[PDB]
Every structure is written in C-alpha cells, then in structure tokens.
Amino acid sequence: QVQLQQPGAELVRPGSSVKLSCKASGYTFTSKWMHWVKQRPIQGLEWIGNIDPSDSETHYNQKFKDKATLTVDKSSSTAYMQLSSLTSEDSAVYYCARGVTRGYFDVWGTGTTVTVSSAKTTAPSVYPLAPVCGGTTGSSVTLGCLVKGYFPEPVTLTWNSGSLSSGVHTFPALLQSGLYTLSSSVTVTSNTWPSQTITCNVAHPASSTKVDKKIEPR
Amino acid sequence: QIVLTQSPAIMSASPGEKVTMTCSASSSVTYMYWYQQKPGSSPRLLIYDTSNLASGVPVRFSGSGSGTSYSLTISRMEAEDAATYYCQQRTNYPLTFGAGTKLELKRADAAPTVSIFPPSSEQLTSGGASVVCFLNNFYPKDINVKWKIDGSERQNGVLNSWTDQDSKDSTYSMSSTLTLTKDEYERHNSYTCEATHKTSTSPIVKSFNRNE
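In order, the protein sequences belong to chains H and L. Just so you know, the first sequence maps onto residues 1 to 218 in the authors' numbering. Just so you know, the second sequence maps onto residues 1 to 212 in the authors' numbering.
Certain hints may be false.
What the hints assert, rightly or not - Simulated pairs of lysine-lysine, DSS-like, Cα-Cα distance not exceeding 25 Å:
{"no.": "1", "chain 1": "L", "residue 1": "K102", "chain 2": "L", "residue 2": "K148"}
{"no.": "2", "chain 1": "H", "residue 1": "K67", "chain 2": "H", "residue 2": "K19"}
{"no.": "3", "chain 1": "H", "residue 1": "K38", "chain 2": "L", "residue 2": "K102"}
{"no.": "4", "chain 1": "H", "residue 1": "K74", "chain 2": "H", "residue 2": "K23"}
{"no.": "5", "chain 1": "L", "residue 1": "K106", "chain 2": "L", "residue 2": "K182"}
{"no.": "6", "chain 1": "L", "residue 1": "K146", "chain 2": "L", "residue 2": "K198"}
{"no.": "7", "chain 1": "H", "residue 1": "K38", "chain 2": "L", "residue 2": "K148"}
{"no.": "8", "chain 1": "L", "residue 1": "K102", "chain 2": "L", "residue 2": "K198"}
{"no.": "9", "chain 1": "L", "residue 1": "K198", "chain 2": "L", "residue 2": "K182"}
{"no.": "10", "chain 1": "H", "residue 1": "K38", "chain 2": "H", "residue 2": "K23"}
{"no.": "11", "chain 1": "H", "residue 1": "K67", "chain 2": "H", "residue 2": "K38"}
{"no.": "12", "chain 1": "H", "residue 1": "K213", "chain 2": "L", "residue 2": "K182"}
{"no.": "13", "chain 1": "H", "residue 1": "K38", "chain 2": "H", "residue 2": "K19"}
{"no.": "14", "chain 1": "L", "residue 1": "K38", "chain 2": "H", "residue 2": "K23"}
{"no.": "15", "chain 1": "L", "residue 1": "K198", "chain 2": "H", "residue 2": "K214"}
Unchecked claim - Chain H is faced by these chain L residues, among others (derived, beta-carbon under 10 Å):
{"no.": "16", "residue": "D49"}
{"no.": "17", "residue": "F61"}
{"no.": "18", "residue": "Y93"}
{"no.": "19", "residue": "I116"}
{"no.": "20", "residue": "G128"}
{"no.": "21", "residue": "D164"}
{"no.": "22", "residue": "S167"}
{"no.": "23", "residue": "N189"}
As the list claims (entries may be wrong) - Distance windows between CB atoms, simulated:
{"no.": "24", "chain 1": "H", "residue 1": "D212", "chain 2": "L", "residue 2": "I10", "range": "58 to 66 Å"}
{"no.": "25", "chain 1": "L", "residue 1": "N189", "chain 2": "H", "residue 2": "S139", "range": "53 to 61 Å"}
{"no.": "26", "chain 1": "H", "residue 1": "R218", "chain 2": "L", "residue 2": "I10", "range": "38 to 46 Å"}
{"no.": "27", "chain 1": "L", "residue 1": "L159", "chain 2": "H", "residue 2": "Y80", "range": "35 to 43 Å"}
{"no.": "28", "chain 1": "H", "residue 1": "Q176", "chain 2": "L", "residue 2": "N189", "range": "38 to 46 Å"}
{"no.": "29", "chain 1": "H", "residue 1": "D55", "chain 2": "L", "residue 2": "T73", "range": "33 to 41 Å"}
{"no.": "30", "chain 1": "H", "residue 1": "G15", "chain 2": "L", "residue 2": "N137", "range": "23 to 31 Å"}
{"no.": "31", "chain 1": "H", "residue 1": "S207", "chain 2": "L", "residue 2": "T199", "range": "40 to 48 Å"}
{"no.": "32", "chain 1": "L", "residue 1": "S121", "chain 2": "H", "residue 2": "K65", "range": "32 to 40 Å"}
{"no.": "33", "chain 1": "L", "residue 1": "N209", "chain 2": "H", "residue 2": "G15", "range": "26 to 34 Å"}
{"no.": "34", "chain 1": "H", "residue 1": "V168", "chain 2": "L", "residue 2": "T5", "range": "33 to 41 Å"}
{"no.": "35", "chain 1": "H", "residue 1": "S76", "chain 2": "L", "residue 2": "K38", "range": "25 to 33 Å"}
{"no.": "36", "chain 1": "H", "residue 1": "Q196", "chain 2": "L", "residue 2": "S14", "range": "35 to 43 Å"}
Keep in mind that the hints were calculated from the coordinates and are not lab data. We put the beta carbon where it would ideally sit given N, CA and C, even for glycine.
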C-alpha cells in the first residue's frame, strides 16, 4: 500500500546543489508528517528535519541549517529537499520517511545515495585472476575477477552470463582516490575447470561498457 | 540533545533463545522507539511508545523500560531477525538515534580458506601490480591480515573489504589487496599473505614466487 519512491543515486561536484524528491502514494499525502533522515557508513542515523503539509510546519535540526531547505509540492505529490553547501561530509544515504505527528516514523523511502566528489565518470577495466602455475590444492579450484579503477557505483558482476551463481562471493567496493576497486571470488570443483568455459561479465551503465573476460590457465 | 547509547554494539545469538538489547539515555525520556534495518534494505518501525508494536511486526518482539534505561527483548531468535537495531527519542528535539545494536547470527567456529593470486599480465602492462589474497568462509568476523614481502612486512597500499554475514552458512569473507608499482613488484621475489584468526594461533599461510 504505502510506498515512498525516490530516485536511485545523485552525483554532484563540491559547491553545487542537489534537489532530492520523494514520490508518495498509498495514503493521503497532506495528512501525515514527512521526515528526512541522513545515514552515514559508520556514524549512525541522523535526523535532518520534517514538514507537515496542512498547516505548513517546517522543523529543522539546528546542525542542518542552512544546508537543507525543505519544500513540498502537492500536485504532484512530492516532498523536496535541497542541499545547498555540499562537501565531502555530505556523502551519505538520504531517507524519505512518513510519520503520524512528531516525532516518529512509520514507513521509510527507498533511499537515495548521494556522492559528493570532484571525480569524473570513468569506465571500468576488468582483469582475469588465475591460480598458481601448475595445480590447485584439493578438489575445489578458486577463480577471481578483479575490477579496478571505475567511477561511479555500481557494477553488475555475473559469472557465465548467469549460469554460475552457487559459491560466489562478491566483495563490496572501496574508494581509492576517485576510482573504485571491486573483486569477486568463485569456488568450483576441478572437474569443471579448465574442462568447461568460465567467464566473468561486468557491465557499467554510466559508461555503457560490457566486458566478458575468459580466465585462461597460466 | 540527549545522547543515546545502545549496548552492546555487536550482538551474537543462536536461533531459538531469548535476546535482550538495551538502550540508555542521558536524561529522563517519556517514550521510546525502535527501528529494524536488514542489510541492503530500508529501515522500518518495530516498537512505538516503548511498548506497542507496529503493524506487520511478528509476535516475538517486545519492549519495556522507563526514564533512562529501556530494552528491546526478542523472546525467540529467528533467522530473519539478523539485522541492525536503532534507538530513537523525542521530548528533547532533537530527535536523535542510538549507535546501533548489530544483531549477528551465531555459527559454530569456522576456519578461513586462503587463495593467493599473482598480479595479472594485463595490469602489469599498465605499470601497476596488485596482489590479491582472498579469505573465504570464517567465523567470527574479526581477523588479522599480514602481507610479507621476502619476509619483511608491508603496511601501506593495503586494501581490506569485508562482506555481510551469509544467509545460508552464516560465515564472513574478506578481500585483501596490496597495490604496488611494476618497479616495486619486480625488485622482490617472494609474496605472502598471512591470516591470523581466533580459531587457531598458527597463521594460515599461502604464498608464491615471482620468478616461477
């Protein structure tokens, strides 16, 4: 029923501004309070402010003035949030939230990930990782696919076009001077490799890239 | 303006046993609110005004407390409960959250599996050389990595990324990657990644040679 849809990700340079929105349905928008919450990696949830469209009431966190300017649109149906300053401090996940009066929240939005960086959008690389020269110890062989130097997130990594998914560990990317680095491991038996073909597939929507790299034995 | 401290920070509980999580406030508080957030999903309201339960909340969650000390109790721990839990307060505007009690599912001690990979020829073409060491399937999360080049330890240029607890076997996995230049890589021969886990004092050692 109650759904609070908001766009995926926004990527804006330091200094400039962002206008976040929240498409609300499943309930009467003009009846219940709309709150905004900021979540950072390892610092916890931080409440920003809240608007009541009735009765126009706009509350703010004293630490968030005047970085955030909250406005609403009734048509159309949306709740807006403009971030004015934008610094490396602002890089976080911003959540839409419905609530009945102050000050707790019932339903949360999908969340928009905001990345404040001076870096430019760049294409990925993709590298094949092969085991040691000779043989692998045991019966289970381990293969990898290293993706180094790409901006921004995300990247969809699939093995064998989607035919291989069991025993796959995809590791979250880390920021390394403007460009991300991601790795993924796969564990299969020695009877499948290198007897059958194994290929890691990486696609980046922001750069329109499609790389299929075959792991050849050393 | 009240500071809320949730204790403990990381919870470890086995399925089918009582779970008591606590939040502590700086000063007197009238009503408390709790929030559940599963990995890769939006948070949701669990308990409101301390005691009462939100719609859609399974019958196993309970809340109580007063003034400064408040508690969320799970009568019987289930697999779909492994999530981060957050404190929430009013009557002091803000309107602040707690640190976040991470409820992590319990598993019988697991030993890490190590696979070391030499830098690819495609990267060595560019001038860079990244040695990747995969640490797969281990319990618990806490582990130590030690990169040794020809015996000597290296600390700068090391990248370490952990995964969230698996839904099937409930084990952690991390990726250790040391980045070096083509000049720095070819000056030395032996490259070792050591895994120091709680399961065994003896480090799990996987290494290779450059000239071979």
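ask   = Which of the stated hints cannot be reconciled with the structure, identified by number in ascending sequence?
value = The structure conflicts with hints 1, 5, 7, 9, 15, 17, 22, 23, 24, 25, 28, 30, 32 and 33, although it agrees with all the remaining ones.
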